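Excluded from the complex is one protein chain; the other protein chains are retained at their positions.
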Amino acid sequence: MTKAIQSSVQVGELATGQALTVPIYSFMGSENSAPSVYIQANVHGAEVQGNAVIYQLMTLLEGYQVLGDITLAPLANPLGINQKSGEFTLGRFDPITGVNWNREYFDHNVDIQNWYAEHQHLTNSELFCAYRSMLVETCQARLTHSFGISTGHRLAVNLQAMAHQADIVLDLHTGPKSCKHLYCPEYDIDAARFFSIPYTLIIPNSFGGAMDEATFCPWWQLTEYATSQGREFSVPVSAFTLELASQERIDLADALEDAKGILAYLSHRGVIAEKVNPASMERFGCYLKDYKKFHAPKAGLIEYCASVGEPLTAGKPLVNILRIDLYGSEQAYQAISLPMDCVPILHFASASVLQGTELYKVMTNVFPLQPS
Amino acid sequence: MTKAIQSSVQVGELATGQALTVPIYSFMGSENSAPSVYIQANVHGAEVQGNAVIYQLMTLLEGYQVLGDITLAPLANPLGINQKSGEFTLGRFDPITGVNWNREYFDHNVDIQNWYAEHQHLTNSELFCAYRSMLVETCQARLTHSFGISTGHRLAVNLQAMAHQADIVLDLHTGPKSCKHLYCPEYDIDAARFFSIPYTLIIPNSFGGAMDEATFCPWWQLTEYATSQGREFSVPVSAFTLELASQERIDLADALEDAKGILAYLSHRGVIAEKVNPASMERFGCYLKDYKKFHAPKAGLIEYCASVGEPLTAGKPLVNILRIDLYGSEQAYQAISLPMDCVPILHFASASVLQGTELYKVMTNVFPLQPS
Amino acid sequence: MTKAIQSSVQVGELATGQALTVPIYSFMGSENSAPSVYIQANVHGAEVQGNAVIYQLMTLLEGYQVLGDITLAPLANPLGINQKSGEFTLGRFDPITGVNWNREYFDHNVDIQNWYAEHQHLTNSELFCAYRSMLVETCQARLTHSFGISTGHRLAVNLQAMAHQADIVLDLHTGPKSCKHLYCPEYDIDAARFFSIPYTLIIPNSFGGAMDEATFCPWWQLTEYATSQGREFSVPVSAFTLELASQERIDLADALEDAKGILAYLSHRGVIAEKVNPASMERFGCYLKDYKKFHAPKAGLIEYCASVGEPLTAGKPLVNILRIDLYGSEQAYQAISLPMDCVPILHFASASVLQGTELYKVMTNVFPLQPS
Partner (left out) sequence: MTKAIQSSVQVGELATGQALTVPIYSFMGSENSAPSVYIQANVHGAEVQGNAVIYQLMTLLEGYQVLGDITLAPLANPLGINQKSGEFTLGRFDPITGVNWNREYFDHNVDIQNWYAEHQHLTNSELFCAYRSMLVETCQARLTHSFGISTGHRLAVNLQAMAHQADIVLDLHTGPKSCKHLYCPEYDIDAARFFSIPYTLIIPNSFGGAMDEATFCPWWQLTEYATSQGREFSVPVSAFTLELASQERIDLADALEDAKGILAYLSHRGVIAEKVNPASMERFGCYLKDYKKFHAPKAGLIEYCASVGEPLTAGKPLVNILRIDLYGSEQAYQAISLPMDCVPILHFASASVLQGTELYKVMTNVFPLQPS
């Protein structure tokens, strides 16, 4: 007997007339007081582990008292999830245009001086309520532009309209071959210690088309502006992108670990009644500017020597490149290392690369979040 | 006995060790006085007609006296050109990342006040020479960043390094199912009447990652800045993107028409000794902001009623949508029209679409370039 | 007020849980006497014109008296129809395995001597009824094998189970860039003159995995066997594959022409009450063994000189190959012709090919079907 109310939302339509739909599960909060939450997975279609996280999270929630509304949208991009090419989900971008599904969210470009002038007389709570209504409506308005909008923009807008309703937004992703990491805005670095995530990227106030930024930027802007008029309060919305290890993988046991960390955060925020403690583990971070993409310096076949999630001392091998077309030479086999210490986070999912193919992303200038 | 000197440039490398190379043909100019030209085709791999244009152009050039250097780079993106998916060239974007090959060019972000202060003492010709050396070197420098650059950025940079050497840059493209059209910066609208192209889009001074913008923007910036210090001269470089009808098509007769229009422009610019007159035809334009993408308002099977390159009076059908899944209803067949007059330029190459698929691009607020 | 009863059939299931369904329209026959018909389109997902044919056919049928059941299955392969790669439907084969959807039908391998021995005592009509029940059941049985069957086999089997119920089966396809042609078994060449199709391929009694063969072979086998026991009757089932010009195209006017030819055949067979005459046009055929694939003798860019559907005298150019990488040589441009007269039927949809890419299929040893 689940507590969840199940519905569905139409996000697009296929040529055969079949609706593209996303299933929505809602755990109603018992206190109108409590912060609400919107959790989605699998916008990048290969990144399926978020669905297992939602499954474990909802299973746990059957036994916790939910104070604030929790809305979960697994399988949030059916077009991408269902897109196969060989034995692999071509789920990252529109197969027609190449546009990354996670770069399709809407930037409101709010005239903040003006909007604030028209609503400054409201209390902090009323001001936040008006501002949220505006973010929802202007988002919904994109759906009825007379020359239309792209398939990817329609998907993104429908998801964003729901995300805007929530106080807390969690966008669940995976990397390729990847360890667990988190994208966390600067203003909310405090929150990083509640998730069960060893590595956090601290991101600035900047819109680059992603769900987390679409969700927090307008609120960050409003707050910095209000502070410049001597009206201090903390950013009313929190948004995070979780990167739950590797794509093309479902692991229920690992998903339960991730779900418990999420519950630790929801507990701390008063979304649930129970105290759920964060896991004990070493947690580190770096600023986004220090997170670097290493591109193949030449083409070849690749052995990935450096383990994801483990420190790599400068000079230790990151990859070996095999060039069997050059046997007889020193060029046939080459160890490649980096000139600084790093923590490699993820690497490319195939063992054959071109010159310029992304091999790894690595964090540099890493530090403990919670030094102890 | 061709006058062309043939060479080749390496633009990347495949996993098997095979070089990605672009063939380069150079017709040496006999006057160090004359403007030089760089012409490339087929960066978008499906857009093969530019190769036929280069072939007809070079055939013609065997009989004209070349005053200024002409460099031609057909087959400029071998990775994209050779990328098949079904009976179709998946040539528009990196198949790994989805990044559009024509959005990969380098924006120099020149500190223009500073650069100009260091070089103002030079004559106009010397200043232009110094500025060109800087554009070439900083472009070449991108090739040796220590974490590397993407496959697409390496391609784009190698092409751009050559384009920067020229006074006149022509990037030859095609649309999908498309009529002939041209992208022309505002400052050079005069040039549009020399090409054999009925429709021209007038573009502003704005960098969006394309070859034409990468080529002209720095020069446009320098000129507007110099004019603000009371030093007036016209923009020293010209760049144009030609859209030579439809992709996945080679038509030598049509390519000869296009080549003759190109020669008309090179003649007018003194690149060749002969007077070659522009073709007689009606020519029109619109500002870029008036060129609009019409997205499918619903999914279905599409009949493209409006001919590309012909005026479409408001209310006349653009497409019919067939929905054979809804037979028995009025929804089974639907004429779709637009609320304003337009000239449809191109449409989508497939007859099955989703909600949001791009159906057409159409020009609005069209006017004669050369009213007579 | 359509006469059609609309239903739907589930042919598979997507990872997100969405059913793959095919819409079914049935015009009930008023005479239990009359032959029944099964018509499907778009098993190859790019081959969308068959849907327009079904639309025109059903529109016409609203005004004809239907004597025998007519079942229509447009949009018969939703997975394939909805599979995009660039601006093109990758609809021909399973994107995971490469298996051609039209090579997935089930060969019953009937022990014909035995089956006939057990049922020889039945009248011709009863024997045909028993045989049809067996073909339907053994087909349906494939759906519940304990290790399962492939995605493509499940699709094919569900379609075939319906096709087996009918006396007349029409599988509607298109070629790539193609003229109208028909695949007709040898025993039913008489039927070819009723369709509005200039070129017919006469196929033997041979199973190669296609819907037409899956449908007619068992009946052809039964008949030849019965004839060897001195029991003469004509093959009780008719099956045809129609190739309705080019893929990625919807043309309602052209579809109406095709629908009228289909009605001419259904009329002649007594499926409808009215006399509908075949169109007046020259009709030709060749045996399948004389229909030939011409492969690119070298790679390059291709201009398709020979028009589909028109005779090509030996020595007249089929294609020109442009090799802009070889400018300066005779190899840069090469006319390719064939050593015998032919009728080119279809050619490759892209203008860039490899060595060995299929360029054309051409009929040789062509003759009038209906010499006059």
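We just call them A, B and C in the order they show up, numbering each chain from 1.
Note that in this section a residue touches a chain if its C-beta (ideal position, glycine included) is under 8 Å from a C-beta of that chain, and two chains touch if they have at least 3 such contacts.
Taking every chain of the complex into account, the chain not shown here touches A, B, C. For the options B:6, B:7, B:10 or B:16, the residue in contact with the chain missing from this view is B:16. In the complete assembly, the contact with the undisplayed chain comes from B:85, out of B:85, B:337 or B:364. In the complete complex, the hidden chain is touched by one of A:52, A:155 or A:272, namely A:52. Within the complete assembly, B:75 is the residue of B:39, B:75, B:135 or B:272 that touches the hidden chain.
Only one of the listed residues, A:250, A:273, A:279 or A:314, touches the absent chain: A:250. The missing chain lies against chain B, touching residues 14-18, 21, 75, 78, 81-82, 84-87, 95-96. Residues of chain A that touch the chain left out of view are 2, 4, 6, 23, 25, 45-46, 48, 51-52, 54-55, 58, 74-75, 81-82, 84-92, 176, 248-252, 301-303, 320, 322, 324-325, 327-328, 332-333, 348-352. The chain not displayed touches chain C at residues 12-17, 79, 92-94, 96-100, 146-154, 292-301, 323, 325-326, 339, 352-358.
One rule holds for everything that comes next: only the chains that are shown with their structure count from here on.
Averaging Cα coordinates per chain places chain A and chain C 47 Å apart. Centre to centre, using the average C-alpha position, chain B and chain C are separated by 42 Å. In whole angstrom, the spacing between the mean C-alpha positions of chain A and chain B is 36.
Shown for chain A are the residues in touch with two or more other chains, namely 14-17, 96.
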